[PDB]
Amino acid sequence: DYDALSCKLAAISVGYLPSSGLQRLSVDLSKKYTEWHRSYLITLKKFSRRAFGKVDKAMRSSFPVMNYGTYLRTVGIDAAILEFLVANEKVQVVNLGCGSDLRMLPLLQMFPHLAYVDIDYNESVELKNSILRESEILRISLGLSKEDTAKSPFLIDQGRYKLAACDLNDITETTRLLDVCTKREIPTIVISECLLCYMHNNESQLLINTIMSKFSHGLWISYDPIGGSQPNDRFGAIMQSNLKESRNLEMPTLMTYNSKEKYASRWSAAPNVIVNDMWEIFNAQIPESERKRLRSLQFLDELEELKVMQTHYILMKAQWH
């Protein structure tokens, strides 16, 4: 999760984010997008010297190619969310594996009838609860008090926002949490940003079939990497070796779902499944005005190196009713 936060703060410091066109942010909410994430880094220092040390040095060692990958990852997920929230005013979002994601701050503001539900491991949501309650600007955005006033499973439960500890590998614990914070009939958006890659095939497939069957109308926006379908494409072999040799983590279903078609077949129950890798989103969805703006920030010397990386990431959008 500290990798994901290092990417977002490096993109904001250079200028890549916020993109007020694609994210549909106002003048005040564009300023607040920068001020909320900056106060998340300063407050993270107060609560952890080790976590601030890894996030600070990763920010400053960020390359232009990696900043283009964070831009497409953020405005890609945001473009799918905002199209669904405009067509449907009463919606509830369930951000599975949220981490340090702060997209609920501008989205709750922009949509009065929007509920939101951050869900992550116990350790991740305890640090996120400490940062939102400590900072003054993050407190005012969610209307929180400084103390831990919430009860039982929820660390936060103020108005139209809910932070909750939950083992997503456990399906019995996942459904029981969704019974108390969501309703069956209300349109839903399920975001799995960098979650299903770290899970085995049994835990991920049961999470997809159970949540889709729980709600009537919805839209699953899942972002993840793929191993690569071409022969002699060892991007998936390099990343699996880089994860264990670094901090002892795994990506069990990387080589299994090595293409955008195989990844999209997990949501085959849903009748409307689209899927496009992040290089296709760079050439199609991103306007010409936006690409000129990113060129003014940094020198993208190796555009082919950006294509090799971004074709090994995807954005799936399943929709059922």
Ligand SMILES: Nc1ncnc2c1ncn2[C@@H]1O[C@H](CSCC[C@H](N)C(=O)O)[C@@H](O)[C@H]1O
Second form
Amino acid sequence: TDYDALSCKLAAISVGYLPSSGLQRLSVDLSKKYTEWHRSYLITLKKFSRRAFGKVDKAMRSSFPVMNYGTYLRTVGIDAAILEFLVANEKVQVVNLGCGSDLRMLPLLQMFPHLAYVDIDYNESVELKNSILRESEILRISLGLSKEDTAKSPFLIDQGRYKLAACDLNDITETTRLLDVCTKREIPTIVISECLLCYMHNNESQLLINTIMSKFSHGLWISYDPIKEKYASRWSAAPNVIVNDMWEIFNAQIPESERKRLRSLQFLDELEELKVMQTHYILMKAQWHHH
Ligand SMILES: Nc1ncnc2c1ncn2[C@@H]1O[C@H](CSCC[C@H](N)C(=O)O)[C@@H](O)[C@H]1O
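Next block: the form solved in complex with S-adenosyl-L-homocysteine, after the form solved without S-adenosyl-L-homocysteine:
Let us now look at the entire complex, which starts with that chain.
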């Protein structure tokens, strides 16, 4: 089901939905890299695991236009909130909780030179991600890694401004130990729980939100999950909380020439199948400021 995130992302790139140069703000150079980084991740997946390649290859090509619209709003909806925070603050650090197979750090590191980034998943999850980034040549050059495994402890990658690491997020001891050594308190901090909290119980997820919000002074928490007032309540300690289902993001945040561009690639005869599905997915932004 991390494979559902990667299969969706490759189905959107193949049709043309992503990369959107308007919303994500990617040049012709960085849009050529966005497509070549994901496709080099799929080809490298075939080497280390032919079963994992078989699930992602069959799901990508069998994805319908409805499912590709939901992936397009999933990517540019989160990215839009990231770009507002990375322009208002230049020295920023990220903590993508449940990162999985996400490669938004690759374009984000080139655009913002003073951007730290921290990826966190299970031991079985980041072991496969680490092998793919160290094997592919284009993914090696972008992160500035040599083929050697000079990294150390649970830190599978640790080359300057990017750091991959294994950690059970349910175990709060491993999570806070990890954030002490790799991040800083006062530095502005985006936390990204993309399709993560649906796997955890309400006890462990609420402890993860209270502890991470506490350990940083200034920050923004972009979340995304299946199910909106009940979901947004979890971050009530933060004084400013917006919350919106993905049908509301489709109308409000997606501008007019973007609507015509997606219609030109694959026309979605009826917007009803898109509304029913996307009202059951949402997107939460939560900005808190200590001092
Ligand atoms: N307790 C836990 N500790 C660490 N990772 C977890 C976890 N529970 C779920 N995850 C991870 O959360 C991920 C959610 S799948 C979505 C992946 C990513 N957010 C994306 O959109 O591309 C999975 O890869 C899974 O391994």
